[PDB]
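Here you get one chain, nothing else, as structure tokens; it is the form deposited without the ligand.
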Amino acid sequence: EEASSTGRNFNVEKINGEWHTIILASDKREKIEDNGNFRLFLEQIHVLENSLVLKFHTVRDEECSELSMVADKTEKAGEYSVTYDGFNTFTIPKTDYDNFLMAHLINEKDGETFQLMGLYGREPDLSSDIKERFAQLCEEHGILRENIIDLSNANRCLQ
């Protein structure tokens, strides 16, 4: 089963649990490159009534640091907002709950705006068919293919 958070059949409770960052993409590549504030490895999603708790790890020189975020429902359906390196709003254009989840985020940091697309998997990797579907979605949002970073084999953190 597939659905979008903005759609009518979304079941947010179903995205609860462990996840992994598979691919990140942004129209501002630096944001997702080494040490970029958005090169975040998602590990867990806790579903609350009007919010989402996102648990990540950031990587700086083969060393992880746990980072938490609280995403609150905005006034738009299936949309969440969180303050982090600016003002962020995101939706989940597509997920099948038990395998992949695609998130689309828009960040505003007084002045400039940038888009981020994220592909997450219940397992540390996803099929090529899914990664391609994600790639096509990135393109529809104006994100160049060369700005899509596959972090599947990013065996980060193990100094």
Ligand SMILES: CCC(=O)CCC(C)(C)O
Contents of the next structure:
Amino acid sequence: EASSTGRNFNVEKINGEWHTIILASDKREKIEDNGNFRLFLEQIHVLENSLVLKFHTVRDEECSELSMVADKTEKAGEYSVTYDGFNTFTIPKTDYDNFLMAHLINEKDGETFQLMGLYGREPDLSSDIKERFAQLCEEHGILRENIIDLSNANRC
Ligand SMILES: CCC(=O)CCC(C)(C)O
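Shown: the form deposited without the ligand; wanted: the form deposited with the ligand bound:
After this comes the whole thing, all chains and molecules, with the earlier chain placed first.
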């Protein structure tokens, strides 16, 4: 297990397929049925100073491809991407082969909100990992009512 902000982090290892398992935010509407941030990650392609992120959005079961590139910032293990405002994110924890936890801060017109996600190499993860994710969300001030499990709706 490693953190993108640590020194033993090997970016190249998060390359490949991933799935959105759980999404959480202190701004629930952002990840609800019609939210701009209810994104289902499909793949991460690691570049020297960037990350190519491929997702799909869903509207009444219809899926649409979406891609974007996040660039490294001045801070180690942190990336930024423009999407409905300015976003910076880090990877507080991942084991490379099974799960990945992300933490993002969005700033738009003086307004801010944070989003945290749990991603898996498989379309679902154990309840222990999910609970461990819920505990990290708590530490960031995000309550369970604002945590949404999408493991049963992440496929097209
Ligand atoms: C605009 C980019 C996102 O919402 C999701 C970022 C990750 C996959 C890092 O959590």
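Shifts are known only where both forms have a C-alpha. Only the largest set of C-alpha atoms that superpose within 1.5 Å between the two forms is called the rigid core. Numbering follows the first chain given and starts at 1.
Trainee: Do any runs of 3 or more residues shift their CA by 2 Å or more between the two forms on a core fit, and if so, which ones, in sequence order?
Mentor: 155-157 is the lone stretch that moves between the two forms.
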